[PDB]
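In case you want the letters, here they are:
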Amino acid sequence: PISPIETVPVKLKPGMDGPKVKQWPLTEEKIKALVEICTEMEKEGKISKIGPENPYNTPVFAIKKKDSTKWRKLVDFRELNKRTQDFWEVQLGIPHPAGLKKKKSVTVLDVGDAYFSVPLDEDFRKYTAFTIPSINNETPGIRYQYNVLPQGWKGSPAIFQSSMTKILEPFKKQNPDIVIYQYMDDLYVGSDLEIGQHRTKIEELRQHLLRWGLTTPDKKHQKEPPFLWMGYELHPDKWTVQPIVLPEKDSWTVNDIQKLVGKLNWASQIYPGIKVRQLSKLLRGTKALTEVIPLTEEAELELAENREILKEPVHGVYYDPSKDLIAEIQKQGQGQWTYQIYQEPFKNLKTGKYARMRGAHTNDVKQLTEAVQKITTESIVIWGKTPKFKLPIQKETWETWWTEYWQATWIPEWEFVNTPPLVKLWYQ
Amino acid sequence: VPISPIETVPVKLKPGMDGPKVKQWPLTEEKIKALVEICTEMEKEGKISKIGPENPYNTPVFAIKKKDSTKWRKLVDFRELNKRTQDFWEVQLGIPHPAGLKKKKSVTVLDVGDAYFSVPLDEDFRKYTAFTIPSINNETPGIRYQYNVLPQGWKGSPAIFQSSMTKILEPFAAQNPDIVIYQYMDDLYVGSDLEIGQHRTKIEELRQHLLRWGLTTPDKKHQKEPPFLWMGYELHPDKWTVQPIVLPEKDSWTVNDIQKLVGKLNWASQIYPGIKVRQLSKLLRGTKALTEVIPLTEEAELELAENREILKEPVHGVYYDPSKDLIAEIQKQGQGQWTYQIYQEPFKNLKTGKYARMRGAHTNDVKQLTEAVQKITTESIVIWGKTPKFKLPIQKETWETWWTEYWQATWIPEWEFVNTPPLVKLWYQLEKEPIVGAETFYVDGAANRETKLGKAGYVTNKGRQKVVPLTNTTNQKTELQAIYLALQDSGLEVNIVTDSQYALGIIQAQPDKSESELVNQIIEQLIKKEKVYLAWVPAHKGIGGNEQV
Ligand SMILES: N#C/C=C/c1cc(F)cc(Oc2ccc(F)cc2OCCn2ccc(=O)[nH]c2=O)c1
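Keeping their order, the protein sequence lines are chains B and A.
Under PDB author numbering, think of the first position of the first sequence as 1, with each following residue one higher.
Under PDB author numbering, think of the first position of the second sequence as 0, with each following residue one higher.
By construction, these hints were calculated from the structure, which means they are not laboratory data.
Hints are supplied without guarantee of correctness; some may be wrong.
Said to hold, decoys possible - Computed footprint of chain B on chain A; a stretch qualifies when at least three of its residues, placed anywhere within it, have a C-beta under 8 Å from a C-beta of chain B:
#, stretch
1, 79–87
2, 159–167
3, 184–192
4, 229–242
5, 416–428
6, 454–460
Said to hold, decoys possible - Selected chain B positions facing chain A (Cβ under 10 Å, derived; list incomplete):
#, residue
7, 20
8, 143
9, 291
10, 295
11, 331
12, 333
13, 420
14, 422
We put the CB at the ideal spot given by N, CA and C, even for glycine.
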């Protein structure tokens with residue numbers, strides 16, 4: 001191994017010290033996996049053991065690659081990122097291709113391994129410190145720091161950006177209509193090609209990267225998969241927002257019209273042109289909830305106007321690059337979940353709904369996890385950055401079980417909501 | 000004089016900071032002489048060294064007499080140096096819990112004497128530890144010294160010592176994979192399954208190694224033999240328990256005494272099952288005044304009595320067998336208190352514990368059970384590195400019904416039902432759709448924020464209507480009161496319509512208990528009903544609303 005450049009010098013933000021974060025307790029299984037992995041990484045010179053004079057710490061976990069039987073090590077760099085990358089956004093920052101979200105197909109490739117060839121700045125290494133914990137606090141943790149660009153650190157692709165650019169240069173020239181964006185360890189490749197030739201082009205890029213020295217373990221089962229599916233494929237052209245729908249009924253009761261007036265009144269927080277007057281006049285008297293109420297002409301006219309105004313997108317909704325993205329998720333039951341990515345309240349940049357599968361495989365936590373991953377991926381493709389989730393789950397529960405189903409090399413920011421109200425059905 | 004060839008750990012001052020400078024003149028000749036007698040011997044042992052006064056730094060020095068005055072001790076206050084020294088890795092957060100230890104044929108405890116002074120200090124840093132022994136008046140040059148080894152009370156001492164010890168243990172463990180060494184502070188704990196002769200031989204061998212590195216271990220006896228009173232525990236060869244708990248008798252109690260009492264009870268809870276701290280800790284809601292004398296409530300008295308009855312006879316925990324399954328069992332104590340036992344074999348517990356819900360005004364048994372499962376899962380992952388199998392007082396249909404309709408994602412690992420009353424159940428379920436042939440109650444209530452008067456009432460589709468006045472209430476209380484009136488005056492099946500998002504929020508949460516009596520009564524009514532449908536409408540838009548104030 002040799003250093004192509006010597007090191008890219010890294011400084012922190014003025015008035016900021018290194019990350020000090022507690023390492024979460026781990027299963028014995030995951031501890032052993034991490035021990036094995038790190039023993040090998042130490043053997044290759046990627047990481048080295050450190051002394052008591054290094055105060056800094058970053059959490060570590062063991063996940064599984066995608067479906068595999070082999071353990072993968074995932075370091076959570078969120079804090080170090082905020083303490084470093086905020087200054088390599090400006091300085092080394094990778095520009096985001098707004099044309100990527102317009103492509104018909106987008107494949108995601110894992111380029112992480114590349115970073116391991118490039119050494120890390122000598123003075124910066126102490127900030128990469130992490131701890132493999134011991135069960136029952138029996139022994140002090142095993143302490144390493146990176147000698148090379150770590151995966152999960154946003155500074156890694158930034159430093160490697162030039163190398164990536166010049167490696168991708170020949171492929172970009174023979175394929176000028178293909179969009180290639182790098183977010184951390186991931187390469188997002190868009191195209192308008194037919195699915196088959198799109199896959200062929202992705203394989204061409206794989207062989208290109210490979211013969212240029214970049215392993216991309218997106219390689220399949222070799223020839224024959226039994227029932228499973230190939231590399232991650234997205235379709236951002238179908239990724240537009242969702243409108244608000246009202247129930248279609250042959251007969252309407254007092255209750256139906258009450259839920260209708262309520263939901264419309266809620267929708268008035270978004271669309272100012274909503275009028276509930278003529279629908280409210282029909283409920284004027286005090287009646288049984290199960291009493292069927294025929295719709296007048298005024299009320300029907302009002303319902304038509306409301307349905308018409310509700311199917312058009314919201315005016316004056318734009319993305320502010322200086323503001324953080326916020327993704328709220330609410331659980332709809334029956335394997336369904338709904339979400340909204342916004343910046344300011346009631347101005348929705350994006351909304352959607354996900355149902356994985358029904359029964360005999362997955363539970364709530366698995367679904368919410370996969371949901372967070374999908375939403376984050378969409379967010380990356382569209383704005384070139386991840387949102388901060390408000391998760392409908394108990395904090396300790398999530399902190400316990402999230403690593404089980406996590407297939408992603410990045411982690412977003414999250415907080416937990418114990419509150420959420422009646423509005424559930426209003427989003428479905 | 001055991002000087003050590005131990006590789007030093009490089010140490011820096013915090014960036015932009017210099018070494019501490021403090022002049023110590025005081026005080027008396029006797030202390031000076033004692034300091035001389037000590038520092039000469041410390042210098043002889045290489046622990047400290049006299050230095051030429053070229054622009055150095057200084058630290059205050061004191062001499063404090065212990066009981067039995069035959070010996071003296073020197074105390075150097077390093078706080079000002081500790082301010083300027085770099086941060087180090089955290090030393091040890093928690094201790095290992097006895098329930099997580101494995102049974103060994105032999106366990107030896109080793110105390111290392113003068114641990115810090117046996118480990119050298121980084122050369123370039125040594126000058127920052129400099130201090131001065133004062134002359135007897137007359138401003139004559141003071142005696143200058145500096146530490147060559149880890150000073151007691153210095154910020155970096157325990158961590159550096161820990162790493163040094165680990166490195167020293169490294170070659171011995173390599174030649175001895177069949178024994179286990181736990182390092183804690185100045186102590187080592189060596190377990191083995193080796194036969195007693197072989198074990199003792201190995202222990203002496205270890206002692207010799209340590210002595211080769213400049214560390215001492217007891218040659219008189221070998222001292223500690225089980226118990227083994229360690230960190231508030233009692234460690235026995237086949238079992239572990241807590242050290243004896245003593246609950247003091249008092250005619251008067253302050254906040255401090257209640258703090259100590261509750262502490263002792265919490266500590267006792269990990270092994271003795273059934274300990275209840277709720278009523279006693281509720282007295283501590285007086286968090287304003289810490290010296291205030293607190294009178295004991297009857298509930299607290301009864302609870303403390305129960306704890307005394309529980310603590311009457313000793314109980315013991317066992318150790319962990321990795322070859323056996325791990326089971327956790329939970330019971331409800333009824334006051335919002337929960338108790339649990341973690342075990343492997345039926346008549347033995349690894350440990351016990353309790354969960355209480357301080358959080359929230361309203362809650363229910365199922366959610367609390369889930370939270371308990373969470374706490375236990377975390378604790379198990381910490382102690383044994385695995386999650387236990389659960390035995391729970393809940394039917395699967397109950398659980399499924401709850402989590403499927405719950406707005407929050409929850410999950411529980413592999414668990415089975417055990418029938419040990421009280422069982423956890425759903426006491427009522429609101430209808431998902433309005434009930435045909437049921438009287439519809441349009442309810443509402445309101446309060447004046449100033450006068451605190453307010454009122455609550457309903458109007459029904461059958462033309463029936465009621466209004467009741469209230470005193471010392473709030474809008475929320477009036478809305479809940481309205482719903483309660485509707486429940487009181489209705490039949491077995493009722494449709495209620497409220498404009499209050501709050502009240503609907505409380506009811507849809509399906510709480511089985513509350514600290515609010517009103518909500519409790521509403522709950523009772525809800526249990527007594529066959530079918531209740533609660534619906535919400537926008538307020539003040541006058542749809543079906545109540546026009547009266
Ligand atoms: N003073 C003092 C005691 C400290 C102490 C603390 C521990 F966490 C463990 C400990 O001893 C053990 C050391 C290594 C092991 F693998 C297991 C240990 O278990 C202690 C329980 N014990 C005690 C005596 C005995 O004959 N068998 C046994 O399992 C001693």
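Item to check | Earlier hints that do not hold, by number | outcome: Of the numbered hints given earlier, those the structure breaks are 3, 4, 5, 10, listed in rising order.
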